[PDB]
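Form solved without adenosine-5'-diphosphate (ADP), single chain, as structure tokens, below.
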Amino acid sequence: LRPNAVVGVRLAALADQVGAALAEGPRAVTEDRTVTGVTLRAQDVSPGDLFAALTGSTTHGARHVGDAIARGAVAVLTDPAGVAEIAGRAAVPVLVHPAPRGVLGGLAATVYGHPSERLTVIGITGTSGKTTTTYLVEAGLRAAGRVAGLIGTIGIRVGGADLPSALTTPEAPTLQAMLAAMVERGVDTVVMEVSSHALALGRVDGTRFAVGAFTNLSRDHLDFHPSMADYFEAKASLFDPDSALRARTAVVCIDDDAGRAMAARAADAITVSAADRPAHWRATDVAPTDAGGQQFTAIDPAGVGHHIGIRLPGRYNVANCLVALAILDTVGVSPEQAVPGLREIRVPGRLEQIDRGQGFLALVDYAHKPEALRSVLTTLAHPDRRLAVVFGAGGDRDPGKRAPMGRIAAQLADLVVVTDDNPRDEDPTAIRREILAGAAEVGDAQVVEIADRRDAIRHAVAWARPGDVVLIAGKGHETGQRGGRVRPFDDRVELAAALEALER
């Protein structure tokens, strides 16, 4: 996804815009060169690109200048540390800026012709539910017959094409190029996951958001953000009226202390509640249905109810759908127009129910981490049925997560099966042991250890009873099993297979 019809911008114009210094000083050559693309990865440069040589946690892009020059880069944008790495002559103009990353987004939006002013870009932020919400919006938009584009963790979707992505939210130069390509392909609306990383690090800097939405907040990403406050503030970038990143219109789920705080921040948010608080949109008559679905009445700000049906379980997925409906409405798609696409979309690995022919509920979920697991389980237990859950943790990752995670599983599940999720270099048994240490403390559950992930799934399936619910957690859409080798593995495929192998 790169556009193929970008007119350039003179290098000297860019230099002026961002007030950059030249590494070689007073260039005439700069007045001559044209910039037709922007990238911050040397190996991605196409001839005519500006290479942003950035500093980062693990290296400095200026060390890759030689490579960029050889792939055709017309010029380089870096900081004072960058000039130090380059030492003397690079064969192209080197623009120096303190804080390049804080200005990259605008440069990219300049060269790709400000694609986001020619599109309706919807950004969705929050701790959980970003993916699911972007999926519902994109589903509604399709049903109304709009040409939509989706950008998030599972990948990028435009028209007939679907392609993968390194990050929940791409870096500025990629994002701007994607949006430019979408413009060429005649997309008119784009939904996006906007992570708090992306906001903190300037990834969305040159982008006009027509709608910004907030799902919720609970503790996550504290290995990046120095505190919970900082985490909230990063997200606020999208809602504060005076903020450079304020979206044109704000949709904010209450239901959450953090949610309630964001509404106030936005000052004029369209508010959304599935938990019986007054809001512009509310949910009533929430009923579960056969085939693991949910139906409710969504009441718009005019106070008119709409019959919504959705393939996803859980109260918070009702909240996701309300956010979707609020977004869709402000962008000119009514519930009536939207509902055929919501009735039937499945979001990969987010409470994705797998049905290879009846019996009981079988679901795959992304939920790793203590908090995510607690809510997933709670919204799946009904006094009756029986709830089984297979999971494990990743090797060479903070172990602190393992201990209570099994504890959560112990109080809420009826059957808990501990297996291997990406062990890497770490010894598999040491990982499972620590989770099981949590499963001790059990007056309810029944805990097992089956190392082999495949047999674990097999075990829980054969254990079910018509009406029971099985949950494979901790991978969602993400594949493979790392142990050297990446053994093939897709949680959705085995499980569909395990169900396939069940009877004469």
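Numbering follows the first chain given and starts at 1. For the two forms, the rigid core is made up of the largest set of C-alpha atoms that agree within 1.5 Å on superposition. First, how it differs from the form solved in complex with adenosine-5'-diphosphate (ADP).
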The other form holds:
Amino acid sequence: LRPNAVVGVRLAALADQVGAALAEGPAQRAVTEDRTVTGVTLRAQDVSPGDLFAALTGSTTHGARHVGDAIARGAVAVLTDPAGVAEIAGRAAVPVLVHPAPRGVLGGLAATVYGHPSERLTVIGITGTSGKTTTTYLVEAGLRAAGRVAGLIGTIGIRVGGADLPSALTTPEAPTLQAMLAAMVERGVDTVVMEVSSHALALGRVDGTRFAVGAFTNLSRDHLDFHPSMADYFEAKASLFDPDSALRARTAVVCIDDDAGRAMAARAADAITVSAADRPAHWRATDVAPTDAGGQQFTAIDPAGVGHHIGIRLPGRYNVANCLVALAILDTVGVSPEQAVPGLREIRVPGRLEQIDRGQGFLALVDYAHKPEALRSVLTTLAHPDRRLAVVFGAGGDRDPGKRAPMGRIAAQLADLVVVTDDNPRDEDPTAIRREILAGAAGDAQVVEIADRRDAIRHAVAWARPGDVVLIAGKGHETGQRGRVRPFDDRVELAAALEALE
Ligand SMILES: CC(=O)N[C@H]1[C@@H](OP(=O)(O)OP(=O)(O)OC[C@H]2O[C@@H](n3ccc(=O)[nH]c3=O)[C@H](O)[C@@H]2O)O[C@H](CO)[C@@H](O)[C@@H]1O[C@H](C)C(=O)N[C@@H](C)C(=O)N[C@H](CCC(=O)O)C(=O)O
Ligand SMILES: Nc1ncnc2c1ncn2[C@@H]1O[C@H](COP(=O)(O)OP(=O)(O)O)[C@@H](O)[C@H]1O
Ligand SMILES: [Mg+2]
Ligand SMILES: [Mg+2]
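Since the structure above is the form solved without adenosine-5'-diphosphate (ADP), I would like to see how the form solved in complex with adenosine-5'-diphosphate (ADP) looks, so please show that one next.
Everything in the complex follows now, all chains and molecules, and the chain you saw is the first one.
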């Protein structure tokens, strides 16, 4: 939610803090001494009375052009850039604070009006190319097993303890974040575990937030259509670990298995390191054993050299690594592996190598892997000689068209059966999309095009023999087929197909 009980901030105080100016005149600085701001939003439609409207520029528009609407919703002030005041021109009924780079000071403003919620919460922020969602779930399940009230914030949604709101973004815009945090304080939450996307660091979405811990899972080619370079992409994320940085967390935890990880550990200087790949780390895993129920058990050796028999419901070598990160994260936040192990044992994180096992025979999995790097890593962790691997997936219309032809190649290379299907074709004639992935497909593999997604799932389930694996890729927890939005859920379709087998 927003929080029910916020004591406001005199608008004068917000202005002096940020050091904004007043669009009308320096003497408009009499009525600013008067108004109280009790909310902050950067989406006109979302203003409550008493809120400061942040009118920002963006790639599609400028919020300055929605001042009318914000004011009409009872906004008591606007905070905008000079490009913005130009848009307003004359005449808003309310005061206009002007900053260069407002987005870059919005966080701290929001943090102030909401009374600095992060200073009352142990906030854990997990960044990295992959594994943020999974690691957050593992941390959250540890937390609950040890009887701590926990909020979660990430791709899948928001959890205020037991509550279960859905999220638009993986990390919400700074006023939303702070207000959520504020609400979590009111709701009795003690600890909050957060995915922190590299977009959020770039656009200063997490600006007013104090982190008790920052975790780094890994890095690989992603988001290179927002970040202008792999550098910037690293740099964004680094800003959570750099000792001297503004966002630096009280404790950093870094996985060492990736090269990028090594590079972050060296950045954070006093990182707690973590390795599932026989690398020297404070936390290390060994004796990794596949188990019946497609889980994995292993020994987690802590920074004190003490072993711990752990058991995780998720397949794939790197999930041992996620688990370690989570394990380290809990330990620093004062939760021992003894306390967390029961939670970890059971936790199934949705759309992430989620195994459906209605019936028996082979491994049937649902996974979110939707980018060429994503897909390669999964298929490899799931490849074993003497076992067959089917992958079914497709690509999204109006979305990054470069990624299609690569994926089909990666698929062809690592799977025994690939099935090319629809996954939100949107406006585009769906057979183009599929035909591009199949261009990718151009010995080992065996590839076929089934346009209908349920039919794709069914064919692959009828193709499996005992002990083989079927992976439904590229939707994960996401639902619906957009084309209208037709209703679709991969877990449900997958389970349905397995029942149809006898
Ligand atoms: C690229 C990016 O970060 N974009 C975000 C950005 O949009 P941007 O400022 O152009 O927005 P704009 O529409 O052109 O105008 C700027 C401001 O005008 C204001 N506005 C606009 C229209 C209106 O009617 N009223 C209004 O107030 C909006 O509040 C807007 O924030 O500001 C908006 C909110 O501040 C977001 O909608 C938008 O994210 C869109 C939804 C998005 O797709 N973001 C994705 C790409 C993203 O952020 N992804 C990562 C996760 C990646 C992962 O999980 O691997 C994430 O954290 O979500
Ligand atoms: N440590 C990891 N390394 C590589 N791939 C991973 C890792 N953890 C999870 N994955 C896979 O990558 C995809 C996205 O990971 P997820 O757990 O949703 O984290 P994120 O929020 O970082 O995307 C999933 O399909 C998942 O199975
Ligand atoms: Mg990402
Ligand atoms: Mg995520």
